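Engineer: So you can see what is in the structure, the chains are spelled out below.
There are 4 protein chains.
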Amino acid sequence: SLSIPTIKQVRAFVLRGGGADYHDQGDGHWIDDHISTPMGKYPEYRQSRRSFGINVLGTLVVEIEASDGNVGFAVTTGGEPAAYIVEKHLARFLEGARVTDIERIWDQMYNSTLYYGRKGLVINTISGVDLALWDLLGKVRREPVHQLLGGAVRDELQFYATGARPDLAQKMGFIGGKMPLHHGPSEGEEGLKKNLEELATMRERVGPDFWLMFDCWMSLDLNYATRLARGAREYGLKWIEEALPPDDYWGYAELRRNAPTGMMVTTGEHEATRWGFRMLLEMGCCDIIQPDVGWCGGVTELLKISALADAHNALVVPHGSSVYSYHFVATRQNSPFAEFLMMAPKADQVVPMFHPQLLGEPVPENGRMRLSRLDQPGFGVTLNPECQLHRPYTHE
Amino acid sequence: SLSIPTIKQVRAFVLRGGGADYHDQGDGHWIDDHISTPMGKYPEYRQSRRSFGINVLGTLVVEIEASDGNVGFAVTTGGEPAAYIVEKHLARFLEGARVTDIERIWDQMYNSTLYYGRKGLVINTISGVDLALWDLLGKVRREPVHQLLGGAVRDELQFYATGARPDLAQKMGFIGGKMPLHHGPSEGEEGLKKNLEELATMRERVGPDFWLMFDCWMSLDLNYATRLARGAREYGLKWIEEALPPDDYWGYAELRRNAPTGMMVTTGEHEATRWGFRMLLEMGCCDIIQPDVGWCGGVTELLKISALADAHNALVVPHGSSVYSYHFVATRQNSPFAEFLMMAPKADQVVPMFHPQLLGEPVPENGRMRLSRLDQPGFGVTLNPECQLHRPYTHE
Amino acid sequence: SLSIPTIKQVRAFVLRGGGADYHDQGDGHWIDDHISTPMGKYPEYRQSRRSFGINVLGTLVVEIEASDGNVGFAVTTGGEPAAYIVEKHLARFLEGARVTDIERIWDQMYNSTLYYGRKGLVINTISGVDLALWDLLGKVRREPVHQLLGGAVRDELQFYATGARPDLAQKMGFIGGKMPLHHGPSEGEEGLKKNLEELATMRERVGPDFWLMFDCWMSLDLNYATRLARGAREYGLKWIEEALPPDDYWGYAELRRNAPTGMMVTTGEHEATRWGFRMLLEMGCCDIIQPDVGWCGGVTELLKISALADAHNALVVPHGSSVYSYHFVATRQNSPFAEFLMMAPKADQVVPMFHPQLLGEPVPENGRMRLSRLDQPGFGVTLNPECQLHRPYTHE
Amino acid sequence: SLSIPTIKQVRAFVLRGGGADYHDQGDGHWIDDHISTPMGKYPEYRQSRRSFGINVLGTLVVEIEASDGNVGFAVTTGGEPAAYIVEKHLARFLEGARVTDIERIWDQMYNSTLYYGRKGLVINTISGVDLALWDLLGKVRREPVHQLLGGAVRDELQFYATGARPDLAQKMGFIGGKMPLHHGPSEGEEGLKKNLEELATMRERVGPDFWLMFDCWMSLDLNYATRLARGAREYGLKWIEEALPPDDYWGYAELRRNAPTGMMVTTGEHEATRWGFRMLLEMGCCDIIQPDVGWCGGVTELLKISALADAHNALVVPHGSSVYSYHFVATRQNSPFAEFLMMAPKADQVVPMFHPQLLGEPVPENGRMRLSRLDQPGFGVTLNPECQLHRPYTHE
Ligand code: NA
Ligand code: NA
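Protein chains in written order, with the entry's author numbering: chain A, 0 to 395; chain B, 0 to 395; chain A', 0 to 395; chain B', 0 to 395. A prime marks a further copy of an entry chain.
Careful, some of the hints might be misleading.
Which copy is meant is left open, because identical chains are indistinguishable; a pair holds if it fits in one copy or across any two.
Within a straight-line C-alpha distance of at most 30 Å, the following computed DSS-like cross-link-like pairs (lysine-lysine) qualify [what the hints assert, rightly or not]:
hint: 1; residue 1: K192; residue 2: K170
hint: 2; residue 1: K118; residue 2: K170
hint: 3; residue 1: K237; residue 2: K193
hint: 4; residue 1: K237; residue 2: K192
hint: 5; residue 1: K40; residue 2: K170
hint: 6; residue 1: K40; residue 2: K118
hint: 7; residue 1: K87; residue 2: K193
hint: 8; residue 1: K7; residue 2: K193
hint: 9; residue 1: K170; residue 2: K193
hint: 10; residue 1: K40; residue 2: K237
hint: 11; residue 1: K87; residue 2: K118
hint: 12; residue 1: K7; residue 2: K40
hint: 13; residue 1: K40; residue 2: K87
None of these hints come from the bench; they were simulated from the model.
Turn these sequences into a full structure, and let the hints steer you where they fit.
Structural biologist: See below:
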């Protein structure tokens, strides 16, 4: 017998520069420094990911106003094409609904966009609406999102750090260091040696116990990944992440079989929905699944993905997605540690992931975050008023 | 921002005489009239389920008092042995916890009782405590439980009725009638003819379109179930329910292959946890899963079970458990209709399912329940003060 | 030693009203008349597909100008969000390339968009660029596209007709009639009877031999599709098409097993790339695969999809996509007949499919098309100058 | 719009002495120096492949004259028996056809010869005719064949060299050296040691990084191949090629499982058609497929084979067939390097592969071939007028 507000209006905005699009940069950043990609077989696209257009979309901001004056928002990747989808297509299912109608809303967004959806941009868009809906609901109930997700199961988050400097991540208190791979199969035996040299160097600097992992960003083939993982076992690599293109379900299962015993094969960043993850889990593709909350369907969908993994006794370590991941992973038994992305250009200082777009964003202190930092309603952040919002589309 | 109360005490009561134990009944009920069981191979044990001791436990009542004065409660089947387990084992994980610590508490309960749990009585007990925690959280929040489970996805529930008179159920506006099987394999060819005559009689009464189903209460073998299912094709039987003992996963998968095409094989009321239902789904055992919320692991666990069935594109139609089902199934895309047990002795009028235990319990009117009937906090019921609770155990 | 031109400029335009978006209508059309969809479980979205936003995108026109003054174009579904992708992302891979660089271009478009692509809108966009590239190449060589695809293997195309009136399609010379399904699972036994009545009526009108098929537009579940196909065998239904959501690979394989012997199960309209079709073929999902040229990756990708099917000895009967399908299917041994979509509102006269957008569009005469009608360079059509082109984005 | 010439005549010639028959050689060649074969279990047949009759056929030359005066040609292995087949069987499908009728003609050739084809000599003949049709179409169009096959995907080919001197191949700038096996299972433990000493010697000469490969010409059994592969691990053998007879699909799949992890198993030079290569890929027989364009079904069929390997994410590295490979592999994303046979007797200098048959034949310079070297129409070669063609058959 609480008075549940209805949704008055949904708006989509475009923002540009850093934030929820991680690869929307323009400087001397590690995240654009010769990262191996599927495009790296072309020499002219090898140095920079921005050169093939990793930064083309920008940030989608979804804002949902309720009848009580509460506003939820989320940031994700999608920019102007995603804003068109929110305003012209998706908003019709939201406006006039109760803020508790979350299951209904997701299903309607998914079913209505199926003919041009399933994976990719359209699912990113759905996810951003979903996140904004969970933020709004938390704001309405005056509760952090983790309290709406069955409550935290640990009083502290522990992080590994993703970036070019695991050695410095160690000095900053993190439990591990995930490095990007810099050389793909088209650089032959020399690029392989270089990959292994980088790992050797970092291992020498950190000692035998600190976790090291490679992120390969879809860039290898089965034989190269097999040979890299075999080479890597000398330096105690914990896992090889996203070795293959996301459509290569058969390849991942082969790789996992051919991996050194005790080394993990992980994927799932570019996978969407319960049915994408069912395929990974059932085919044996995967030791850990690593969906992006903002790209896999949102919190609502990730909840079902996570329970799928629960039945499979698999780990779920989501893509670092600032508060959108922290509130989720706090509540999951199958998520014992979390990813933090190093968004400083030299990966040499801890910096908020969604700067400058977000305010109230907590960050790991000495590689940890107390649950008591996640005490504010919704996802506990506000949109920075200094950020320049464009609304390219309207509806009625 | 909202201040979250802690759990002050947990109490375990025993009630006897109807309610949550469906089979805790007096004389002259359909539910004890010659129902086919695994025990019917003994003629001494064939007429009455009470004679082999279907009614030995009765009702466990779990009460949880929060620090703000709020009290959540749930009823399930388990009685005095379950009450030992709540008071002496389980209450240690609850007392002093925040009322939102739901995922944690479940995990602690399951993992601490593993050495003597996994299935059966201990899971019933965990489910009861879990249901009481959801009741409490709903009461704290001043929201019905469906609003905590992602919102309703439909305006209205629609019911089939379970009992010996689907012809009367049709007049009362139900969509379907499920009838208990009365003869098992040991009664031979005459039993088979009697089973099918019973179905023929009801089909003649109801017309061609009305759904008819058989519930076999684990009582068959593969070949009898196959032949029963084949004979029932002529009268358009919609599904065969719980044909086989719940450990016979291999059998269920064979029966579903052997089934007349278009006819469903259903099970799972005597199955528990995500891993039990993973076996069922992955082995292709059934078209519909039918867990009892009060026997399978509670709302917390059913949530994961339901997500697993989402991924498998299977239906979940929970074994009717009054308000504990109703609030759940309202929210699930994969539960499009619901079970209503006909708890009247002659099955000739709608009676509240968990009568006389629960005050304020909604019933189907004309086979339907508007979602506005479930607008009261928690599961929307109060314990009948005219019921006399025994407390067999305390704890420090 | 021909002088091969390079690509000067790519442009993306938006058009609205009919054409390459088939469901972009606004009248009394059969194609929006109570078609069963995944959204049909909601009564308010049941009557009209436009009500959930099937028409939200519009038509993408991709125009590619070469250095010799030749211009290729294609029309597909995608509208303004697709136009953004063409102009801002994709055009960089095309401008400065030789017009023969088709394999290189496709791979670069696919690999660069993988992080937000794989299926759906992004693949539609790629397909439209690809089609425009093949049109351009044909214009340059002064040859129809079928001559660039290994040449036609038949001198005539034979069509079935998709629409609400197979009886009239028969009088117009077509070999078959594919009808849309009007009632889904949520309309229960009554909607089933109605579906079967429609098929009964049409069968009575056409005689025993004329092909009848159902298109279900992703709208059923396994049991409903199983029961519909079993019901349908009395009236000699040739195939059931797109019964299930496109992610339900496991469901399709089950359905195909449970189909009446000799009845075909088909899908693939909402499937993309070689790897999507590999999954369908290998899992046994499918008797015929039915990709849309404008949605599966374009001609370049469909060529590999088709050769996959060749190895599988499976039929490929693409979605009717006017000239974009006719030039392709002419050359394929595994494509012995073709789809024609009935774009007249009452499906009562043969009408060009991409009217008003295209000029020079051939249409079946008496259910057939001579290969001699496909004698003009490229896909042999021109953009109607009366159509109102908007260019919402530019680049440099 | 461009007027398409018809096929006027087809002629079949026989040449002897090098060229397209690799094994049609005189004395003192490495390619006949004690090469391990299935016949080496007979000591009488161990020293020389010519002694069991590797050289019995020689070169089939197929010439096709179009009505505009253009003449296409191809060389493959088959000689006088193949020439019977071209003239008496196959020419009926070609004469009077448009030169673009390539898919049709292939299909007619395959389907008319099925009763005595499927594999082997008849497929060689079909491949020769097919290659000549592509030559003709290129000459008609005034385009090289790579521009008809979707365009080059790379600026440059890179080669490994096949012959008894990979040490000399390294100095000549090749990326790799593949060496023939000289001892098979019947030569026992000493043969095995000799095989590995040979590899050790080359590894010492070339350094650690240069690719080394063994080509076993069908000569092993499973256990010998497993033990050979295991011994070769120490010297970093990149792949084992054609270890087993081509009918032993089950064997290849076992060997690849038994292989040292990271080492590739390759086959397919003596395999033909899409269905042969489907068996190979689906059974997990090999990491690289290696068809000969002149033995597998021609360019038309290789195109489908290549697409099947695309879907399987496998590499296609065709068995070097001079310009017929080079034009093909230029276009394929899945052929990143290419084979060059060292046709010099002592393998000490680059000699044109199909010398003395083909005038204008390009060679690798420094292990590489710029795409600008293949700028001449068709396959860019002319028949050497100093070669003396026999015409054993005519036809009406
Ligand atoms: Na039951
Ligand atoms: Na070879």
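Engineer: Take the hints in turn and mark each one as holding or not.
Structural biologist: Hints and how they fare:
no.: 1; hint: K192 x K170; in the structure: both (27 Å within a copy, 22 Å between copies)
no.: 2; hint: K118 x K170; in the structure: neither (39 Å within a copy, 42 Å between copies)
no.: 3; hint: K237 x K193; in the structure: both (19 Å within a copy, 19 Å between copies)
no.: 4; hint: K237 x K192; in the structure: both (19 Å within a copy, 16 Å between copies)
no.: 5; hint: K40 x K170; in the structure: between (35 Å within a copy, 25 Å between copies)
no.: 6; hint: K40 x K118; in the structure: both (25 Å within a copy, 23 Å between copies)
no.: 7; hint: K87 x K193; in the structure: neither (49 Å within a copy, 34 Å between copies)
no.: 8; hint: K7 x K193; in the structure: neither (56 Å within a copy, 39 Å between copies)
no.: 9; hint: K170 x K193; in the structure: both (24 Å within a copy, 24 Å between copies)
no.: 10; hint: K40 x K237; in the structure: both (27 Å within a copy, 21 Å between copies)
no.: 11; hint: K87 x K118; in the structure: both (19 Å within a copy, 21 Å between copies)
no.: 12; hint: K7 x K40; in the structure: between (49 Å within a copy, 25 Å between copies)
no.: 13; hint: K40 x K87; in the structure: between (39 Å within a copy, 22 Å between copies)
Hint compliance for this structure: hints 2, 7 and 8 are broken, all remaining hints hold.
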